[PDB]
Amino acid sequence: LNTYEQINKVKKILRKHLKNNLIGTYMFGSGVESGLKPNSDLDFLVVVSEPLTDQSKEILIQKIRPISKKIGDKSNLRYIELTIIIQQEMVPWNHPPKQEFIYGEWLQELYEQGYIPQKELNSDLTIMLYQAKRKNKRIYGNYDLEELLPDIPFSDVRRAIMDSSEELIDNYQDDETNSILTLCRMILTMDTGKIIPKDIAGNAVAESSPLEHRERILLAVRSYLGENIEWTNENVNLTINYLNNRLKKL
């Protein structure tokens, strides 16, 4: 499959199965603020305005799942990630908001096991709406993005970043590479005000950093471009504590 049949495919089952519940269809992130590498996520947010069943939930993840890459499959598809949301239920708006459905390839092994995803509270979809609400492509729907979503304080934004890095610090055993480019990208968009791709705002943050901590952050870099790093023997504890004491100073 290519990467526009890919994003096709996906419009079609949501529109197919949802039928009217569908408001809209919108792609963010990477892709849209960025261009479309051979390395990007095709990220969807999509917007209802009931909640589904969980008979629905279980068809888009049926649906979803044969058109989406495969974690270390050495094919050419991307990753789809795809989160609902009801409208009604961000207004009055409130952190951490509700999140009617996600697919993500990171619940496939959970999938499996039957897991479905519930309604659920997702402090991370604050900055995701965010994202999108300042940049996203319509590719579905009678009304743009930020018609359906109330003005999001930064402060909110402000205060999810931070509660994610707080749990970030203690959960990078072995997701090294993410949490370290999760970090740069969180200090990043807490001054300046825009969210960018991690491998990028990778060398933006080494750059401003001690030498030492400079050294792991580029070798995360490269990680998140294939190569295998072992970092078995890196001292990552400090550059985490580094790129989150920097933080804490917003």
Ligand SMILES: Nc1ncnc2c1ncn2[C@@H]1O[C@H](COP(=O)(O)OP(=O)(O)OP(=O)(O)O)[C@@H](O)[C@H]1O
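Residue numbers count along the first chain shown, from 1. What changes on going to the form solved in complex with adenosine-5'-triphosphate:
- Panel note: of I84, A160, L181, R216, the residue at the hinge between moving rigid parts between the two forms is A160; all others are over 12 positions away.
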Given for the second form:
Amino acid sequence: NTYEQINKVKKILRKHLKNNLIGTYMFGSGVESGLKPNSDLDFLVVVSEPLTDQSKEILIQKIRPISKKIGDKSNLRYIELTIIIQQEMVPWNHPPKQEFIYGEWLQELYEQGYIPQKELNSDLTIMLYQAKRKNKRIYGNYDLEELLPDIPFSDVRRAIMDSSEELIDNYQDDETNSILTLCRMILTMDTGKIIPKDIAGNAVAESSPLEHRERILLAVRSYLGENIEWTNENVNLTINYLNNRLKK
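Form solved without adenosine-5'-triphosphate done, so how does the form solved in complex with adenosine-5'-triphosphate look?
Shown below: the chain alone.
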């Protein structure tokens, strides 16, 4: 069950962070759009004091058994956890301070003893900007709108352009999400609001040349139920186009 994992994630954070936990909120496809066949569960966690090396590994070990893994024919969904410190957000600075991350793309590192340390993250500005706009409080005495300062849209542009370089250099084995996120970056730069992946893809597609329109529309269907295979499509030509269109 999908509501079963969220209830399990709530218990792990509550009974291990204890009174250090201020609140737990979801953003992403859960609160805004609808969960598409291969969507994920995006959580934003706000705590009071920094976590220790031993406390971070506990989460990695406790979250692992209930999160889908890349390559599974499973009923579970990918669990994404991001932990921020409420005091480290004010005064607002870009990029903000990120305390912890749980990403299934980082799984082959979690197994080798990798423990994410306090690091800066421009992409977290985009995450926080859309989380503060709409989310689901699953635990906490407060709303996330009460725990964060108002994030200016100028820093969101900076986050888009800074986080763009990591995405374009890493589309391999993530072609469907890299194409759509670039489409979401192009719009957010020009329209302001955050758009679901399918709509943002369909919008930038019909605003693009035919050779790129078709590959974007091809990713819109993969984000939905379709089983697209990018083996002989050359996504590089399209992400370079979406890059230069975003770069301009």
